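Coming up is one lone chain in structure tokens, specifically the form solved without this ligand.
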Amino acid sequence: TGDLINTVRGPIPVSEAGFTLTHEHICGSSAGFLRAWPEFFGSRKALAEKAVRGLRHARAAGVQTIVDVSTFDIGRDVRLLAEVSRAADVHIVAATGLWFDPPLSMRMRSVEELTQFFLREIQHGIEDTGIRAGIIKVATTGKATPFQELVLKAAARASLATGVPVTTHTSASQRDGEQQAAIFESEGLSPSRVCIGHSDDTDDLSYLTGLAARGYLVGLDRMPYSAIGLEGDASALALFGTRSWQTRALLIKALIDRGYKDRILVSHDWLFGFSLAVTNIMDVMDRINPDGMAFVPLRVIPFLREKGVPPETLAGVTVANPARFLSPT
């Protein structure tokens, strides 16, 4: 009680976050895209409605909070987030940082400047809204680019200054987490303030246990993603992989079995709109996982219980871990 986290509708007690999905999206897009070309999504109204329906479904399944890790370059639209959050009655935590699609205007900035931008979004508010970011999202896709190194350093600096956690995108097969950790540690950031994302994209437990042993959160955040049965579709295969949801889920058990229950964060990396991919992908995704953001509570959690994970352990993963991670520290 009494620690607070910022959401798109304002501050909430940490204890109110409850069952929380720590890596999600309302819309995966680009800065200004939804504004310039809402028809891409049928309409802004249609997108919002679809999002409210999905969130209501998640809520019925027990989800109380989502962390929307859409950055400026993922086309994050805080007004949209606030609208859908209110209508679905689900908390949404907004993000700052930068993903792997930064425009030149960001790419040309110094580490000091980036830090100031991240700080603005956390401390003051996003755009002209007063809506403050509750998390910092950063990314590599293999070995960090020089700009990416700066971005990670700025993220560490903003976090140390505000207590807001850092969360990442990785090319998990390339073990990006090791480099990301090295950079964060070089800045003095505690591993406990950091989640190494898309970790379920790999079955290399040496890599994963290695991070966990050091105190990192391991983000198992792509639970619904599989191209199994549609390798006909090349975009889907590259995007979704050939591993099943069960294989991904088994990683959660694997880590618990290895003593790392307190270090796990679980999510879908789902969305309700998606312009970051060729046009048909959203439909394909909807066909594969109609449960959307209810998939983890509906399918993953019962799978785990059936494999013998205790309910209290599962509560700790879905409730306690997100609460510790989010609470500014």
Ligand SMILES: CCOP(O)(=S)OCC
Given for the second form:
Protein chains: 2
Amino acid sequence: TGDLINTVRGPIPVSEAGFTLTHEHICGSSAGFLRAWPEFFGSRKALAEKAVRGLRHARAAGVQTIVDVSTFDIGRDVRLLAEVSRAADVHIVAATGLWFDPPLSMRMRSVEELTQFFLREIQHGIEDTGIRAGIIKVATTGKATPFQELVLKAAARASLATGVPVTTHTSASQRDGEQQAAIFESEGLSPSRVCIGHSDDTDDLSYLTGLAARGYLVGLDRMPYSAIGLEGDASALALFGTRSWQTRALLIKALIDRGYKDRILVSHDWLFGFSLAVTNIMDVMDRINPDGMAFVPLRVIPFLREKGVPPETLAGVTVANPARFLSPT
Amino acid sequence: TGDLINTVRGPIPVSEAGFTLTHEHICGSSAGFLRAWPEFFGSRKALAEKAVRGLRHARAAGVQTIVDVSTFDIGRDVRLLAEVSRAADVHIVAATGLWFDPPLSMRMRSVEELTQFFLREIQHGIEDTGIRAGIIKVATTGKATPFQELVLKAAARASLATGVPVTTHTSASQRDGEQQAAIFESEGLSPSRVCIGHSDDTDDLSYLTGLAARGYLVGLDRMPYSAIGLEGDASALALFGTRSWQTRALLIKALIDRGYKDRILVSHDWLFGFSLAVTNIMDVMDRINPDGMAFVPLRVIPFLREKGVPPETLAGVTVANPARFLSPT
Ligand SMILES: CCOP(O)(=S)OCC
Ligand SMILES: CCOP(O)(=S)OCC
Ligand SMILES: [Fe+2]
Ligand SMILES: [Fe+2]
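Next up, the form deposited with this ligand bound. The previous block was the form solved without this ligand.
Let's see the whole complex now, leading with the same chain.
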């Protein structure tokens, strides 16, 4: 009681977040793209209706909150989010930060300037909205570019000032979390404020447990992503991998087994629109996982339960861990 | 009489364009940047006031029209343009196309899809505005990337369908215009519909005359850009060059001398806001050329006149050539 998190619809008690998906997207896009070329998505109205149907479905499966980790460079549209949230009756936490597609106007900025930009989105609001970010997203793909280091640092500085957490994109098989951790630690950020994302993209428990031992949250956030039985499509193969959802799901159990149940964050990394990819890739995705953001409660939790993970443990993972992570600290 | 060009304020007779700067910017930015972080520019209001003061000044010097060649990826804000145009009483033609900073949502698109995007901006309007583009901007920096080839082709296809002209960014010293020309010609575009930009960045008349002989318009569009007496600042040196404005201006005379007066387009490539660059670079620019978009009528035309270029020739360059270029053909 009495700790608050900013949502697209305004503030809520942390205790009201409930079953929370911590790495999600309404639309995966680019800044200004949705405004410029709505027809790409059929229409803006079509995209919203699809997101509402999707989020209604998640909600029926027990999801009460999602964190949309779309940054300015993922084409985050806070008005869209608010609209869909209201319609679906699902809370959405918005993000600041930057992903690996920053435009030059961002790439030319100093660490100080980036810090002011993240803070503005957190403390003041996004664009002219008044809608405040509840999280900061950052990214690497392998070893950090020099700009990427500035971003990670600005992210840490913003976090220290606000108590808002940081979440990351990684190339998991390259073990990016180790560098990201060092940089965050250099800025003095507590690891408990940090989630190392896409960690389910690897089965290297040495890497994962090492992070969890330091106190980092480990994001097992691409649960539905598999290219199996779609070995034809090269684009899909790179995007989705050859590991099954079950293989990915087992990692949650593996961590719990190693004593790290408190350090786990679980998600889909789903979206309802996808311009960042070739045009077919939305539909291919919907064929593979028609349950969308319902997948984790429908398929993952029962699988874990059948494997012996206790229901209270499952609750701690899906409710307590997000609540603790989100709570400005 | 009776040929029309689309402006941000609506259609105008071609004959009303008058003294026209064909390669300009209100703001050089990135998609959504101005919406997200207006404080970068002091405020949106500050940026507009500066643009109005600048364009008032140009107007007093005789400029009646400018073509803002800012694309979606240069952070073109058509509402801003309309506002400033109205206030300054200077016509602004808006652009479609893409520059060399396209986001992934664009980079993932097919040639067909790009063609539909350019056409939408031309035939329907930009964003939800109803404001139609009067020109298509495209770019290379050296030899074309494969995506850049698709863009050039989509640009040609849109042009053929509309009669709207194409203008380019080049790495002039690498002679990009020759490749760009070949691609446009492959798509069947007339060279008279095309301007090969930043051609004043080189003194290679062999390259320039070769283009002019084929019927291309040659854009001598960075007239005020010189780093001389600023040999300290490395950033400026790359951006502005070591050639004087006079050296750049002489090229106009050189072309006229070679019989190509009808093939010349003249400009500044100025802007009033600049996020695409490091933070100081706006102010450095304003110190060098306080006249802004007035520079060409103030300094360039008189220099040419003093060198013997006839006033009627100067008129043909600054009025007739733009009119002919802009007129949907
Ligand atoms: C395939 C989904 O990948 P991301 O989390 S990097 O974001 C793109 C929206
Ligand atoms: C220095 C001005 O360069 P550009 O024409 S490439 O556009 C940036 C606005
Ligand atoms: Fe994501
Ligand atoms: Fe330009």
